[PDB]
Amino acid sequence: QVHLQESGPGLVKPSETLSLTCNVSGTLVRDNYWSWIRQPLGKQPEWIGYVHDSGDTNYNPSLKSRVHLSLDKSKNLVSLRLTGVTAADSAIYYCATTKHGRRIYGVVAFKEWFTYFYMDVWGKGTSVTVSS
Amino acid sequence: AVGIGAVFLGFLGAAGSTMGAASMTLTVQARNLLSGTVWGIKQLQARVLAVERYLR
Amino acid sequence: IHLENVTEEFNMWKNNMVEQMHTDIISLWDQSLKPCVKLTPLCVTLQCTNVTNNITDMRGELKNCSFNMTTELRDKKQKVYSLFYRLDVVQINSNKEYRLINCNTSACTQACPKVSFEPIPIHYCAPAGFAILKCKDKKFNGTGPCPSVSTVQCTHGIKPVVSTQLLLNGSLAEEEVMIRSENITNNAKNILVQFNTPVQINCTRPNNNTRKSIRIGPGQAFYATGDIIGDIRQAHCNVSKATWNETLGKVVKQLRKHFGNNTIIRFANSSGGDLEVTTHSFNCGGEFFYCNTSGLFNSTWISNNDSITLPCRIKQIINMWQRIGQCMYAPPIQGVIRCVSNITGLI
Amino acid sequence: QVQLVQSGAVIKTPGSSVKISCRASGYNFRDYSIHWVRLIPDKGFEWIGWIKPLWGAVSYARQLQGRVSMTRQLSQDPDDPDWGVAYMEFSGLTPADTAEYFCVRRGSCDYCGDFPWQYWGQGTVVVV
Amino acid sequence: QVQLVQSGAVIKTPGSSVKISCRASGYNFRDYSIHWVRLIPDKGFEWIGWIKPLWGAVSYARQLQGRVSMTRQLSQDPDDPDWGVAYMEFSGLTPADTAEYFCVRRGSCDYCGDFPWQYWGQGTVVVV
Amino acid sequence: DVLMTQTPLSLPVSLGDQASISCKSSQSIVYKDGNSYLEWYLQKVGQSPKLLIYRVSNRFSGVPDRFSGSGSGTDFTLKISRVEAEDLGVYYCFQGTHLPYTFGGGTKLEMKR
Amino acid sequence: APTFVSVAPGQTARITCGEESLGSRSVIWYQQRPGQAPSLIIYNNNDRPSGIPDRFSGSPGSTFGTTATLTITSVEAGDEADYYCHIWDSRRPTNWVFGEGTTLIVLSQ
Ligand SMILES: *[C@@H]1O[C@H](CO)[C@@H](O[C@@H]2O[C@H](CO)[C@@H](O[C@@H]3O[C@H](CO[C@H]4O[C@H](CO[C@H]5O[C@H](CO)[C@@H](O)[C@H](O)[C@@H]5O)[C@@H](O)[C@H](O[C@H]5O[C@H](CO)[C@@H](O)[C@H](O)[C@@H]5O[C@H]5O[C@H](CO)[C@@H](O)[C@H](O)[C@@H]5O)[C@@H]4O)[C@@H](O)[C@H](O[C@H]4O[C@H](CO)[C@@H](O)[C@H](O)[C@@H]4O[C@H]4O[C@H](CO)[C@@H](O)[C@H](O)[C@@H]4O)[C@@H]3O)[C@H](O)[C@H]2NC(C)=O)[C@H](O)[C@H]1NC(C)=O
Ligand SMILES: *[C@@H]1O[C@H](CO)[C@@H](O[C@@H]2O[C@H](CO)[C@@H](O[C@@H]3O[C@H](CO[C@H]4O[C@H](CO)[C@@H](O)[C@H](O[C@H]5O[C@H](CO)[C@@H](O)[C@H](O)[C@@H]5O[C@H]5O[C@H](CO)[C@@H](O)[C@H](O)[C@@H]5O)[C@@H]4O)[C@@H](O)[C@H](O[C@H]4O[C@H](CO)[C@@H](O)[C@H](O)[C@@H]4O[C@H]4O[C@H](CO)[C@@H](O)[C@H](O)[C@@H]4O)[C@@H]3O)[C@H](O)[C@H]2NC(C)=O)[C@H](O)[C@H]1NC(C)=O
Ligand SMILES: *[C@@H]1O[C@H](CO)[C@@H](O[C@@H]2O[C@H](CO)[C@@H](O[C@@H]3O[C@H](CO[C@H]4O[C@H](CO)[C@@H](O)[C@H](O)[C@@H]4O)[C@@H](O)[C@H](O[C@H]4O[C@H](CO)[C@@H](O)[C@H](O)[C@@H]4O[C@H]4O[C@H](CO)[C@@H](O)[C@H](O)[C@@H]4O)[C@@H]3O)[C@H](O)[C@H]2NC(C)=O)[C@H](O)[C@H]1NC(C)=O
Ligand SMILES: *[C@@H]1O[C@H](CO)[C@@H](O[C@@H]2O[C@H](CO)[C@@H](O[C@@H]3O[C@H](CO[C@H]4O[C@H](CO)[C@@H](O)[C@H](O)[C@@H]4O)[C@@H](O)[C@H](O[C@H]4O[C@H](CO)[C@@H](O)[C@H](O)[C@@H]4O)[C@@H]3O)[C@H](O)[C@H]2NC(C)=O)[C@H](O)[C@H]1NC(C)=O
Ligand SMILES: *[C@@H]1O[C@H](CO)[C@@H](O[C@@H]2O[C@H](CO)[C@@H](O[C@@H]3O[C@H](CO)[C@@H](O)[C@H](O[C@H]4O[C@H](CO)[C@@H](O)[C@H](O)[C@@H]4O)[C@@H]3O)[C@H](O)[C@H]2NC(C)=O)[C@H](O)[C@H]1NC(C)=O
Ligand SMILES: *[C@@H]1O[C@H](CO)[C@@H](O[C@@H]2O[C@H](CO)[C@@H](O[C@@H]3O[C@H](CO)[C@@H](O)[C@H](O)[C@@H]3O)[C@H](O)[C@H]2NC(C)=O)[C@H](O)[C@H]1NC(C)=O
Ligand SMILES: *[C@@H]1O[C@H](CO)[C@@H](O[C@@H]2O[C@H](CO)[C@@H](O[C@@H]3O[C@H](CO)[C@@H](O)[C@H](O)[C@@H]3O)[C@H](O)[C@H]2NC(C)=O)[C@H](O)[C@H]1NC(C)=O
Ligand SMILES: *[C@@H]1O[C@H](CO)[C@@H](O[C@@H]2O[C@H](CO)[C@@H](O[C@@H]3O[C@H](CO)[C@@H](O)[C@H](O)[C@@H]3O)[C@H](O)[C@H]2NC(C)=O)[C@H](O)[C@H]1NC(C)=O
Ligand SMILES: *[C@@H]1O[C@H](CO)[C@@H](O[C@@H]2O[C@H](CO)[C@@H](O[C@@H]3O[C@H](CO)[C@@H](O)[C@H](O)[C@@H]3O)[C@H](O)[C@H]2NC(C)=O)[C@H](O)[C@H]1NC(C)=O
Ligand SMILES: *[C@@H]1O[C@H](CO)[C@@H](O[C@@H]2O[C@H](CO)[C@@H](O)[C@H](O)[C@H]2NC(C)=O)[C@H](O)[C@H]1NC(C)=O
Ligand SMILES: *[C@@H]1O[C@H](CO)[C@@H](O[C@@H]2O[C@H](CO)[C@@H](O)[C@H](O)[C@H]2NC(C)=O)[C@H](O)[C@H]1NC(C)=O
Ligand SMILES: *[C@@H]1O[C@H](CO)[C@@H](O[C@@H]2O[C@H](CO)[C@@H](O)[C@H](O)[C@H]2NC(C)=O)[C@H](O)[C@H]1NC(C)=O
Ligand SMILES: *[C@@H]1O[C@H](CO)[C@@H](O)[C@H](O)[C@H]1NC(C)=O
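Chains as they are written, first to last, in the authors' numbering: chain M, 1 to 132; chain D, 512 to 547, 569 to 588; chain C, 84 to 140, 150 to 185, 187 to 309, 312 to 321, 321A, 322 to 398, 411 to 453; chain Q, 1 to 52, 52A, 53 to 76, 76A to 76G, 77 to 82, 82A to 82C, 83 to 100, 100A to 100F, 101 to 111; chain q, 1 to 52, 52A, 53 to 76, 76A to 76G, 77 to 82, 82A to 82C, 83 to 100, 100A to 100F, 101 to 111; chain L, 1 to 27, 27A to 27E, 28 to 108; chain N, 6 to 9, 11 to 67, 67A to 67C, 68 to 95, 95A to 95C, 96 to 109.
The shape of chain M in the complex, shown without the other chains:
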């Protein structure tokens, strides 16, 4: 049983920085692996990035330029930092853990496997609407 929740400004001007939070309940942050999901209304969701422990972090190839993340190690939260909000950022933001597995299809010593992530639980979501 977990309970996770973010807290941001929710009312953002274009060309502005942005930040969010991740409280913990049931499980701390150093154990599991964390991700970020956004969803515009009437659209399929979009999976921004994921962070591991010990600095393993990967992002979108589209959002590779601007977004930056970190953890809050002593205070037991997860941060976020986005750069240059435009009209294509109005989406309800989420928080989620992730569990990863291998799907081996061939000879293991020839690197013929690939990790696949899946979101076991979910946050409750906050609307961060861009405000011109």
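Just so you know, these hints were derived from the structure itself, not from any lab.
All C-beta atoms, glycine included, are put in the ideal place defined by N, C-alpha and C.
Any given hint might turn out to be false.
Stated by the list, open to error - Label pairs and their calculated CB-CB ranges:
hint	chain 1	residue 1	chain 2	residue 2	range
1	N	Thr72	M	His100	18 to 28 Å
2	q	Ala60	L	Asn53	47 to 57 Å
3	q	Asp31	M	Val108	52 to 62 Å
4	C	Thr163	q	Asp31	31 to 41 Å
5	L	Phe98	D	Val539	23 to 33 Å
6	D	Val539	C	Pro214	24 to 34 Å
Claimed, not checked - Straight line, CA to CA, 30 Å or less: simulated DSSO-like cross-link-like pairs of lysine-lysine:
hint	chain 1	residue 1	chain 2	residue 2
7	C	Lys335	C	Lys351
8	C	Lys227	C	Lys282
9	C	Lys282	Q	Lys52
10	Q	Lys52	C	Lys252
11	C	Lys344	L	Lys24
12	L	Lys24	C	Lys252
13	C	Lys227	D	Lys574
14	C	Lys155	M	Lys111
15	C	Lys252	D	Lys574
16	C	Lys189	M	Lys64
With chain M held as given, fit chains D, C, Q, q, L and N with the ligands onto it using these hints.
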């Protein structure tokens, strides 16, 4: 079983036996000496070489 | 016809029958390519891209090449795509621009798929006037007197394989593993080894191809690798690790006789050179593998379940026996193929 | 006849690598082995390695592995199928390798072995 | 081996025409004759006609002329010179022709005649 | 040399069942006659060994019809129809073409209890 | 663009989502209730976690040239929500955006 005597009436079987015992089975080496598109030319040339050697 | 009380000096190194066989196989192998289609018009500028794959930025190994090609009529032409391996295209100097590797020296006849490559046993019947002797001594070294010979009119079953690092399906010795040489203290001569127990090898190619016919010319059809359905997976070979350790134990037990009982026999991989003398070459269902064998030949030997994988690379064009201007284009074959072989010995 | 032309003399620095081209002409180069040997002054001869130019299978001395590489270049035109080139690249040079390097070919006889060396190169002088 | 694949079962109307494709594979199709035969239930066997696929010379039964036609298709590529196709188009269908149609090939022996039928088709069920 | 092996090595078979033992030939055994010269041997203990059948098909005179043999040049076997007490003994496979003449190992049919 | 599949309550409902298969796949199905976050239902091609019943079914991911399908048996009112596919293809690169969500609706409201 075939029998060891079929060695001596066989081809070249008396090659290790003595000179007084090869003369009885001496005709088998005489008989098996004769009878027995590039590949056709090779086999034809070998066969006419064998019959020229026998005729010499 | 087993003879008796007879001694004939044998010498396999100065033998002439092996030289006649090496001439006859080359001449007949050239005689089994003249009716097939010469692949002159396919030698053309290729425009190639990467095959559809999650490319990782560390391997090529497949190329998706589009090019112009003539049709049944002489006037018209058609854009057509194929899949070539990376060892057959060379970047001549947007998407890149390649050519085949044989185009610099000689166009090459492809092999008609009605012609199989598999060996059938070849006997050698002696002609009239001559005869063929046969050693039967189980401890026959290779050179010197064999004190138990037997004349025969026609030789045993010899299946012609083609292989470089370690010979396959080769009549194995009976009492124990044997080694053979000419002068063992000489370096230029190879040291042949014939086993007692056949260690087993399994080789395969997991890529499910799709053979596709392209008409180069009227009456001439070209067979191209059309598509890779399924998954992109590298070709490999497997031997049993326990039996291979046991078989190297046998050959190390045999090699210590000629060199002294207190020596450190160790096995290394190949020193280098061209492709098909370092790697392990053979054919498998009509398609030529090249398998890296560093995974077998690393050990050391002092005086007192699993299976080894080893990767394989594939060429479609081959140049065996290294002539001036003759290669051939082995056409791809439909579906996943695999073949099983006993290892008779190694060189 | 049989001719073994080499490249000229060369001056190298310690730590560098030298490449010597033994061009062979007059026989079928795809048949007979090429050997490499070096005369160290006031130390004698020393063998280096052999190469069989049908494929390029090579072997080297034990105390020179990790330092020497040998390649070859066949002739692909059918109008001159005889000539060929051997290449030796000797790396890890020390001042002890100031020597004179030779490429040789086998005896041409059917009775002679492999190491009796009939034909010789002109001699590459290497000074480190 | 010798294989004689046919087409599947078919349902036709009275007055229509049926086409059945006997594909043959495993021997040289330009040599041996193909025959067609039909099993009528509770009436026995009945021969239909033969076809020699070297040119396509055919013959039919007397009580089936004006109703049946047979063609063939050779293989023209030299990479697969063996396989071939036979076609039977049976017209003027009545409910009496509800039957099971077979294509056959000759015996492969040099002693056997023409009508001893070694290899058989899988069986096309025709219901009018 | 054309040594053979015998599969299996000992079968205790009850009185009235079928026993079948095979011998496998490394080289083929074919003479200029065409008939594969192999013999089947039985030896009751402390005696001289008899002959069970000839080549594959012909039979040694003075032997009942409770013995049959089969083979096709490469690997050979028997079938014994009914078991007696005299069928105790040691069995062998013997070659007749190439020198030296090889043998099988030897099987001992036993009783069941 | 969200396609509608409608079936009687108690029947089977099938959902297709995403590009046709090229390599070996690992599909992941979600479930979006209106006004909430998603909720995972299938995590491997067919395996499902605890708390989600076995009346759901996934297409196996060892078939090439097909489409990833989710099969629902014995539909109900609580299962009337949106679905999402997320394919990890061993040949095509990383999908950073989910498939098109087909809204599931049941008749006789
Ligand atoms: C030369 O030698 C080399 C090496 O010696 C050979 O290389 C091998 O080649 C194989 C094929 O070429 C290749 O096989 C792969 O293996 C895949 C990996 O499988 C392993 O991992 C499975 C998952 O692990 C889970 O469990 C562990 C703890 O147990 C956890 O830690 C993990 O986190 C996972 O939760 C594991 O299940 C599996 O074990 C099974 O197989 C054993 C074999 O004896 C059984 O003893 C054991 O009990 C397991 O059996 C389960 O699974 C089988 C599946 O076949 C099932 O029948 C049983 O009932 C039982 O449920 C391994 O340990 C594997 O994933 C691959 O199989 C999937 O992909 C193929 C692709 O076509 C499908 O056809 C296949 O059906 C299967 O799909 C299934 O799963 C999909 C994904 O979930 C699903 O979508 C689909 O619907 C199916 O349900 C395939 O077998 C070897 O990996 C490879 N390497 C090695 C080291 O062996 C080489 O082949 C040799 N060369 C030659 C010529 O022979
Ligand atoms: C070292 O030695 C070993 C031992 O020989 C070598 O391994 C062999 O390599 C061969 C490769 O050259 C390989 O041969 C291929 O086999 C393929 C598999 O299919 C065969 O095997 C199955 C199962 O074993 C068998 O069921 C099939 O047919 C049997 O039944 C028919 C009856 O109709 C018989 O006619 C047939 O002979 C066989 O008989 C079996 O049963 C009888 C008893 O009744 C026994 O007495 C027999 O011994 C046997 O067990 C298959 O025969 C197969 O796909 C390959 O055939 C394709 O390729 C050849 C060209 O080589 C071509 O002529 C064929 O027509 C066919 O091509 C067509 O189909 C393709 C696919 O659709 C298509 O792409 C083509 O275009 C054509 O249309 C071929 O026969 C052999 O199997 C293995 N041995 C083993 C045990 O696996 C090893 O290679 C050697 N090492 C080296 C380095 O060479
Ligand atoms: C090696 O490299 C070659 C190129 O050098 C490559 O060939 C090309 O492959 C691609 C696929 O990767 C082909 O592109 C597809 O072509 C098909 C077939 O086109 C026919 O149909 C169109 C319809 O308008 C006709 O106009 C045309 O004349 C053809 O008759 C198209 O159907 C494909 O469209 C689908 O994919 C698009 C991708 O964006 C989608 O946007 C689109 O909506 C289509 O999707 C629909 O159909 C899918 C298939 O049914 C279905 O899965 C979807 O769900 C959806 O319903 C696409 O244009 C291209 O044509 C090939 N070129 C040639 C010359 O053949 C090889 O594939 C490559 N091989 C390897 C192994 O790397
Ligand atoms: C494959 O196996 C064959 C054997 O079937 C080997 O052939 C012979 O090998 C033996 C030893 O392995 C060689 O024998 C040596 O010969 C020396 C020369 O003397 C002989 O010749 C002279 C005339 O030239 C005769 O007068 C004399 O009587 C001999 O017949 C001997 O001097 C050697 O003596 C060794 O033993 C004594 C004591 O035991 C020592 O004091 C010596 O120092 C020495 O060690 C020895 O007897 C023989 O020459 C080989 N013959 C041939 C034709 O080769 C092959 O060598 C082998 N090949 C491979 C590749 O494995
Ligand atoms: C399709 O192929 C791509 C190939 O780039 C593949 O992307 C990579 O996947 C792996 C695993 O999913 C990612 O994770 C790596 O592997 C382990 C995981 O624990 C880590 O040790 C790695 O860290 C090393 O590499 C980092 C980047 O090089 C370094 O920053 C780090 O310090 C370590 O050296 C690493 O996390 C890997 O990040 C991606 N690559 C990229 C560029 O994102 C993808 O998974 C494949 N997808 C499918 C569906 O097959
Ligand atoms: C390797 O790839 C080939 C094709 O490139 C695969 O062959 C295909 O296999 C299927 C079934 O095994 C064949 O049958 C088809 O089945 C469907 C099922 O509904 C049916 O609707 C079709 O009409 C057809 O009968 C299919 O014909 C065959 N493809 C061809 C071109 O013959 C093969 O399965 C693959 N093998 C591996 C090991 O990956
Ligand atoms: C025999 O074994 C040795 C090592 O046990 C092999 O040497 C290895 O050769 C490869 C290249 O042939 C080296 O790979 C490296 O690749 C990277 C990326 O391309 C490149 O940047 C390097 O310069 C180098 O080429 C590898 O380092 C090397 N290993 C050692 C220890 O030197 C040798 O290839 C084996 N022989 C055969 C025939 O396989
Ligand atoms: C030839 O055989 C030797 C074994 O004698 C192979 O050495 C083995 O190399 C692998 C990695 O290349 C070792 O695995 C790992 O090594 C690290 C040390 O870096 C070790 O700490 C790990 O626990 C792990 O084992 C392996 O241990 C090593 N074998 C031994 C006995 O130490 C060598 O790789 C082989 N050559 C080739 C080309 O495969
Ligand atoms: C490679 O050499 C091995 C020898 O270790 C060969 O294995 C053995 O081959 C013989 C005949 O080829 C097999 O005998 C068979 O016995 C069965 C018993 O019912 C019979 O039905 C067959 O007609 C045949 O007589 C023997 O079982 C087999 N041994 C094993 C362990 O498999 C092997 O055939 C050679 N070739 C290859 C490609 O591996
Ligand atoms: C095809 O594959 C090649 C080889 O990976 C790609 O070319 C370069 O690959 C390296 C990685 O080894 C990258 O660092 C370079 O950026 C690549 N070059 C370019 C121009 O992208 C190549 O990108 C692949 N794709 C195509 C379309 O050629
Ligand atoms: C035939 O073409 C090949 C392929 O380009 C040539 O081989 C290359 O030659 C250049 C310069 O001679 C070298 O830098 C490359 O390393 C060579 N590559 C390979 C794979 O060998 C070859 O020289 C050409 N030969 C002729 C006679 O034109
Ligand atoms: C090579 O392949 C053959 C055939 O797949 C393997 O032989 C079988 O191996 C399995 C276990 O992997 C056994 O259960 C079977 O009884 C074997 N059958 C036969 C006829 O031998 C063989 O094991 C493979 N060799 C290696 C080294 O993996
Ligand atoms: C070498 O050692 C083996 C040990 O098996 C012994 O049989 C043999 O006689 C020894 N030979 C010599 C020359 O020491």
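Cross-check of the supplied hints:
Range check, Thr72(N) to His100(M): about 24 Å between beta-carbon atoms, so the 18 to 28 Å window is met. Checking the proposed 47 to 57 Å range against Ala60(q) and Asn53(L) shows it holds: the Cβ atoms sit about 54 Å from each other. Separation of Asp31(q) from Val108(M) is about 53 Å and conforms to the stated range, judged on CB atoms against 52 to 62 Å. Take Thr163(C) and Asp31(q): their Cβ atoms lie about 33 Å apart, and the range 31 to 41 Å holds.
A C-beta distance of roughly 30 Å is found between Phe98(L) and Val539(D), which places it inside the suggested range of 23 to 33 Å. Between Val539(D) and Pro214(C) the Cβ separation comes to about 29 Å, which falls inside the hinted range of 24 to 34 Å. Under the criterion of a C-alpha separation no larger than 30 Å, the hint pairing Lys335(C) with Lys351(C) is consistent with the structure, at around 25 Å. This hinted pair checks out: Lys227(C) and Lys282(C) have alpha carbons roughly 24 Å apart, not beyond 30 Å.
Between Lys282(C) and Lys52(Q) the CA atoms are separated by roughly 11 Å; this keeps the pair inside 30 Å, and the hint holds. The suggested pairing of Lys52(Q) with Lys252(C) holds, with an alpha-carbon distance near 27 Å, which does not exceed 30 Å. A threshold of 30 Å between alpha carbons decides the hint, and for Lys344(C) with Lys24(L) the separation of about 26 Å falls inside it, so the pair holds. Taking the CA atoms of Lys24(L) and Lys252(C), the gap is near 22 Å; set against the 30 Å cutoff, the hint holds.
Restraint check for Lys227(C) and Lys574(D): the C-alpha separation of about 24 Å stays at or below 30 Å, so the hint holds. Between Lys155(C) and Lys111(M) the alpha-carbon distance is near 20 Å, which keeps this suggested pair within the 30 Å criterion. At most 30 Å may separate the alpha-carbon atoms for a hinted pair to count; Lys252(C) and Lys574(D) meet this at roughly 22 Å. At roughly 28 Å between alpha-carbon atoms, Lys189(C) and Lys64(M) fall within 30 Å of each other, so this suggested pair holds.
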